[PDB]
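A single chain, nothing else alongside it, follows as structure tokens in the form deposited without this ligand.
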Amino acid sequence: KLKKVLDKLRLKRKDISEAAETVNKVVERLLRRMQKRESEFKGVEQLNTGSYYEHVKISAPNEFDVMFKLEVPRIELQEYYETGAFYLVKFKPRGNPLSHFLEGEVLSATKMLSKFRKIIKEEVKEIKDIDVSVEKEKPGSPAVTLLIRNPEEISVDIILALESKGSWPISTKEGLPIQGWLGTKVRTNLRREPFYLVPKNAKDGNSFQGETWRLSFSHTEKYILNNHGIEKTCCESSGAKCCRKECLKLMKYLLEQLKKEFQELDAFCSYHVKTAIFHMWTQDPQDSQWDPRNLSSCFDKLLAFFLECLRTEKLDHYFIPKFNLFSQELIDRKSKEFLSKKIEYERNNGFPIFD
């Protein structure tokens, strides 16, 4: 049953080729335009992220995430309240290329993202060989979203990010609990990689809204997805397949089908599901606990874990323990009850919504 669902969700090579061809054409040209002189984003580099590049994209290759990361040395972070995820960015710098984005010492995400969008929008109108347009700025989004007609609709989220090469913020110190799973050497190496800040970009009118940045660990998540086994040979050609990624695919699919016809399930997203399975992979680190022969039981325990997260209203950010994804803030209690009331129904009735 679940095996058949996965086959339906599996991407087609023909679709992948046609989509990637067009996307790569657009992204590289935009990345190049960003590199020409007199540009404040002259040093930006590309880092592909999200479901497609983690090979957990389902149904169709019609959504692509791309990070345009800017190296920002000499950075000074200030934690926004007791959040742990949200920060203000201060500089310790004379002729700075982003000096016109500064409000005193404070780096404005709104001003920087504005000019970033302006540059992309100008280059997009110069594209004549591809049907591509820039979607209107959406509240809460750190990305300039492209709409491509290939003729099939394709969305490309170009995410502006600040790259810092120093130690990760102290709010992440007790995060990434992969010690008994991927090990201490892997964790230490991962945390020697840079961390990333993206614009939080809310329009609620709250204080600091134009200058609040949020942590992004999309790169770390991507590595983890590609290196997810306790054994080094997991899912390799001389190793054994596990069902970790397919459980994620199935859980992603269950949520999306539910979100389609229920507006109450808004404010829920794939990242909640992704976060949950990361905790699950931590609690069940053995590759033998994720055998393909036990796909049904593996998916069921993921559901049980998720349901318990709803019931207790607690889903800690995998990298930032303080940040509860299921707080009373962000998500109302009525919403968790509703999703819980739709999950067990699907769970008990052999998943009719998969059809």
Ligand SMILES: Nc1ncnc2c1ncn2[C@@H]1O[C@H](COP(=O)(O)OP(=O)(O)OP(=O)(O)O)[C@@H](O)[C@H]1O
Given for the second form:
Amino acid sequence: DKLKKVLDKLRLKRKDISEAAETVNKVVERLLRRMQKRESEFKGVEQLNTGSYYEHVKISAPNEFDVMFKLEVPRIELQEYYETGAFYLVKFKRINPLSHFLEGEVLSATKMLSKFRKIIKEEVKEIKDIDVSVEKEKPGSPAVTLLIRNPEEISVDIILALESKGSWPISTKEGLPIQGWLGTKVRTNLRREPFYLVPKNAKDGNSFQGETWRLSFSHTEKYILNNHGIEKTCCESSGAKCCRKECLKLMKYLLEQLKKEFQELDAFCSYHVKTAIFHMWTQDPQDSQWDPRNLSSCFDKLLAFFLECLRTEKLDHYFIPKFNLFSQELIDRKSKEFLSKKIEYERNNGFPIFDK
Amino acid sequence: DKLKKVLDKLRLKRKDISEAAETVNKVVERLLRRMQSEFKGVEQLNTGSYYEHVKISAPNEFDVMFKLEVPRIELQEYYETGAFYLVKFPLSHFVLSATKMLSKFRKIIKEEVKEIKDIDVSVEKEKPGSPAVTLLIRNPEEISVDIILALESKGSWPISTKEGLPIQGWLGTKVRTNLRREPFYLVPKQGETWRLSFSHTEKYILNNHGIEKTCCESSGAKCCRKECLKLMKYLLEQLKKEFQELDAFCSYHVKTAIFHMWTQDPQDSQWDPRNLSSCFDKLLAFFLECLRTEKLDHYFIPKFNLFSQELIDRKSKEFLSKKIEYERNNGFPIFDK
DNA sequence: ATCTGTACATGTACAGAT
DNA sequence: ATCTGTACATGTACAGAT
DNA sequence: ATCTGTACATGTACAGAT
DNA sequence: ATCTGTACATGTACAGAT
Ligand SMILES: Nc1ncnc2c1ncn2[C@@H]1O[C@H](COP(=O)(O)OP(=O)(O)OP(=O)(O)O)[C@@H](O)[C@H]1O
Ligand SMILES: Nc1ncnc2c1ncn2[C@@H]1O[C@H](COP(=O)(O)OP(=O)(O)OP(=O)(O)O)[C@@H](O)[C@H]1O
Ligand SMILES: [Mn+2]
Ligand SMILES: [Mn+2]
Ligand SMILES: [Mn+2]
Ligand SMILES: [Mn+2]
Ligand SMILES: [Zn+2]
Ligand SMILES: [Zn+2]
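Follow the form deposited without this ligand with the form deposited with this ligand bound, if you could.
Full complex below, order starting with the chain above.
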């Protein structure tokens, strides 16, 4: 009852969805078209909608959309970047529209993301129907973000991705541990899907950065979010309804509200809570451990789990086990302790940040 | 005990599987070579008990579709039968006559089988009522192969199936929609009549049969759904072996009955291996109810009654009920031979 | 005359709305 | 409960290119 | 267009642990 | 008797090379 009314707050409205989806699809269509025209290096690029809005876990308002422009790159080998698991150099044996981005065998991420961005910037200029601009480039972002004033503000991340259809890299062998939850045939099929590489695009000044790519599994996460039960009928019209997505929404909201207020929490992002809950879904595979009548227990055990990840400084990538999103090298212990105390406070005081 | 012991008997042996399959693959590989003639573009889809892992006793009967992609055919229902259709609009020299198409198809097989000199393999006399060209093979052991000619249509499933495949509370709506996006097939049966085939859909179900995704997987629990199919298949095989009065029954009847039971009883825990006996017994009970009411509807085509008087005589159904009721109430003597 | 990328046409799970 | 807009998977048509 | 290569599902088999 | 783990065998989906 307490949290059922928070979810009612977080529920998107069909009117806002229509209006936001109407505009967003128009801009994305045009951008996809221009990509195909002339002698564009990105001809052949294909579209994949990913992220919260397409998983039906986008909360509060349909105001941020993530879409991937994926380019199939054949004949490709990969140099893992310093045993980090998630970052790679892309190389080419053979000797190609991507020639202008080559740097002798190795493919440049920033060169390719700059040209990409240039094309988007230009194509946005020729849009007089709607109020749309390109956000200033952010470090670490593989995206070209559109800022739309549809009266209301709307972000769109155009994510540039390489597509490889070969078997996933060995750093993911022990990843995606869904055998006791979605099972082994689901895991095999998912791992027959392509894998994706997005530009790391850091500006830390370290070697290789600028030619460093990062693995992406947004497509697999989209599948998992919309096929999340041990029973095939979970949340279907002739099935029982679980509270897995509702729990993700509340956790997302906790982090969003806190992040709006305290900039100490800049290190953190919603992908953290997304990863923590994929683990909880593996830990607690049965649909009967996400009964909507136990919403509070379920939300509380997800918080308990997240608290332990913050304290023990460990939150493994769901797809790349050896990569720790809560490593010291990524977030201070101070930043983690600060969030740990803020979560315990909300936890033991009636969640007053939900009423803001 | 009894039933575990019987299941041990019916279990195929790795060695016999290895021997039969390599010989069977040789003939199908060679036959499918030849076909791509008017059947160029024919693709091989393996079907039936052996490929569903419910073949019992011996690997001695294999089923194969040679399906043919055929575009924008008009379909027309046969006097409201449900499952039989006339087909209208390379294959020009055949309304598409199933009889005609089958015969040339047959002619090719026959011709090519005559060229095989490394395997003892002949073509069985044509059986009226069979859409199959059947091969009889001798390794030192007898093995028969059904080469099934199918048309493949990539459009919506016909209207008579709209209420079919009632898997919604079992395998669910997403599975049902994806299955119905697969193509549907048409198979020869009056001379130009074809029949719908869903062997491809039945193969997926047999191998994705649980309400939980992990059913019968390495990180899941075993159910006894396939063992019940095997036991019921065995009971009918042994009865037909002995009673010519049961000539009109076939294993597909048993298969159809258990699909209904799997829909009636969707939860994996209703098919617990610790409950093999009751599960078997309630399958027997359901099958007798089908006999008693003369009603066993095609799982994909609900109006089509496989147990109508028109196809199986009232006498034959009561004869099979008497014999099953007997074996049921006597501890299955027939399982002992 | 044919071929074929692009995009209309069809159907339905999901979840908001009445 | 039923009605219903969006997203998305797959089947097909046809303008414009061959 | 056709075929090999790869991965892992579905089986059977058999011994050592329960 | 049943269960676990390893070995052994076939089927099948699809990347990619020719
Ligand atoms: N740090 C990251 N590492 C790996 N994948 C990430 C990371 N950040 C985002 N992604 C992927 O990109 C998608 C879009 O990210 P985004 O930050 O918009 O979050 P979201 O999941 O869409 O939710 P919301 O935008 O409502 O916070 C994520 O769903 C995830 O699949
Ligand atoms: N009357 C029928 N109607 C529809 N499909 C049928 C019919 N008879 C057989 N089939 C299809 O052809 C397949 C092969 O049939 P067949 O007679 O070989 O039985 P089976 O299921 O393979 O089992 P087994 O040979 O072990 O008894 C079946 O599995 C089914 O898909
Ligand atoms: Mn998002
Ligand atoms: Mn984003
Ligand atoms: Mn068979
Ligand atoms: Mn057969
Ligand atoms: Zn659910
Ligand atoms: Zn099972």
